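Engineer: For reference, the chains in residue letters:
2 protein chains.
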Amino acid sequence: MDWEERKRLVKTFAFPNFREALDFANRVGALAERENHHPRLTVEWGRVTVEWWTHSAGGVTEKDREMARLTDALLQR
Amino acid sequence: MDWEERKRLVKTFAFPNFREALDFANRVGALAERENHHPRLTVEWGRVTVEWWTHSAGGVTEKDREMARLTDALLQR
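Each protein sequence line maps, in turn, to chains A and A'. A prime marks a further copy of an entry chain.
Residue numbers 1 to 6, 10 to 80, in the entry's author numbering, belong to the letters of the first sequence in order.
Residue numbers 1 to 6, 10 to 80, in the entry's author numbering, belong to the letters of the second sequence in order.
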């Protein structure tokens with residue numbers, strides 16, 4: 001599945020367990036630290052939901068889309 | 001704040020940034036792996052929300068309360 005504007012940019016990533024989901028969340032966290040823009044991450048067994056938005060703007064901005072693309076890049080598909 | 005039954012057992016933990024919130028989430032994850040019971044974790048700047056429930060029971064069980072107490076213990080207040 002690709003990113004969707006739900010006002011936030013959201014995508015869920017599937018994993019075989021909790022451990023791998025948490026591992027991915029940590030990589031997204033490192034990315035957030037580097038770009039000075041943080042997501043809302045939801046980690047549970049087999050899934051990580053990543054949400055990007057800009058509070059001040061009350062929605063999705065170019066920075067959020069950049070973070071979404073950098074998040075997908077972490078998968079190196 | 002103490003744990004509250006919202010059917011799940013929920014509590015939010017405050018932090019000064021995202022990094023420390025993620026660090027705490029990882030400790031809760033290790034705890035979950037040891038006890039074979041996993042929470043739904045929400046990590047964002049300055050906060051980690053921890054939710055415990057048992058799917059099959061459709062609510063909060065003794066195991067969830069045990070996990071809540073073990074989660075607080077991680078803080079070693």
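These are computed hints drawn from the structure, not numbers from a lab.
Backbone N, C-alpha and C fix where the C-beta goes; we use that ideal spot for every residue, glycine too.
Keep in mind that a hint or two might mislead.
[Stated by the list, open to error] Straight-line distance between alpha carbons at most 20 Å, and here's what the computed SDA-like set of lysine to any residue pairs gives:
#1 A':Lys66 / A':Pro19
#2 A:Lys10 / A:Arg80
#3 A':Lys66 / A':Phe21
#4 A':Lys14 / A:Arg80
#5 A:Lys66 / A':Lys10
#6 A':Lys66 / A:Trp48
#7 A':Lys14 / A:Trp48
#8 A':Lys14 / A:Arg43
#9 A:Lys66 / A':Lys14
#10 A:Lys14 / A':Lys14
#11 A':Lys66 / A:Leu77
#12 A':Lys66 / A:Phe21
#13 A:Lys66 / A:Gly49
#14 A':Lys10 / A:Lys10
#15 A:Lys14 / A':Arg43
#16 A:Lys66 / A':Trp48
#17 A:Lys10 / A':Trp48
#18 A:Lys10 / A':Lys66
#19 A':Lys66 / A':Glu23
#20 A:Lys14 / A:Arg50
#21 A':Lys10 / A:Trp48
#22 A:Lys14 / A':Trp3
#23 A:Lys14 / A:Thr52
[What the hints assert, rightly or not] If you only want the chain A side, here are some residues facing chain A', beta carbon under 8 Å, derived:
#24 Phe27
#25 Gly32
#26 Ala35
#27 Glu38
#28 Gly62
Engineer: Take a quick look at whether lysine 10 of chain A' and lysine 10 of chain A sit within 20 Å of each other, Cα to Cα.
Structural biologist: Distance of about 27 Å is beyond 20 Å: violated.
Engineer: Decide if the proposed pair is consistent with the structure: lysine 66 of chain A' and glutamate 23 of chain A', CA atoms, cutoff 20 Å inclusive.
Structural biologist: Violated - the C-alpha atoms of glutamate 23 of chain A' and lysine 66 of chain A' are around 26 Å apart, more than 20 Å.
Engineer: For the hint on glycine 32 of chain A, does the least C-beta distance to chain A' fall short of 8 Å?
Structural biologist: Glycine 32 of chain A check passes; min Cβ-Cβ to chain A' is 5 Å, inside 8 Å.
Engineer: Once the shortest beta carbon distance from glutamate 38 of chain A to chain A' is found, is it less than 8 Å?
Structural biologist: For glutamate 38 of chain A, the interface hint is violated, since the closest Cβ of chain A' sits about 12 Å away, which is over 8 Å.
Engineer: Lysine 14 of chain A and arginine 43 of chain A' were given as a pair; does the straight-line alpha-carbon distance stay at or below 20 Å?
Structural biologist: This hinted pair holds, its Cα atoms lying about 16 Å apart.
Engineer: Measure nothing beyond the straight line between the CA atoms of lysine 66 of chain A and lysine 14 of chain A'; if it is 20 Å or shorter, mark the hint as holding.
Structural biologist: With Cα atoms ~31 Å apart, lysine 66 of chain A and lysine 14 of chain A' exceed 20 Å; violated.
Engineer: CA of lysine 66 of chain A' to CA of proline 19 of chain A', is that 20 Å or under?
Structural biologist: Not satisfied, since the Cα-Cα distance of roughly 30 Å exceeds 20 Å.
Engineer: Quick one, are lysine 14 of chain A' and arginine 43 of chain A close enough, alpha carbons at most 20 Å?
Structural biologist: Roughly 16 Å separates the two Cα atoms, so the pair holds.
Engineer: Given the hint that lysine 14 of chain A' pairs with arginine 80 of chain A, does the C-alpha gap stay at or below 20 Å?
Structural biologist: violated, 36 Å
Engineer: Is the straight-line distance between the alpha-carbon of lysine 66 of chain A and that of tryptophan 48 of chain A' 20 Å or less?
Structural biologist: holds, 17 Å
Engineer: CA of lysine 10 of chain A to CA of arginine 80 of chain A, is that 20 Å or under?
Structural biologist: violated, 28 Å
Engineer: Can the restraint linking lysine 14 of chain A and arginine 50 of chain A be considered satisfied, given a maximum Cα separation of 20 Å?
Structural biologist: holds, 10 Å
In this structure, the earlier hints numbered 1, 2, 3, 4, 5, 9, 10, 11, 13, 14, 18, 19, 22, 24, 27, 28 are contradicted, and the remaining ones agree with it.
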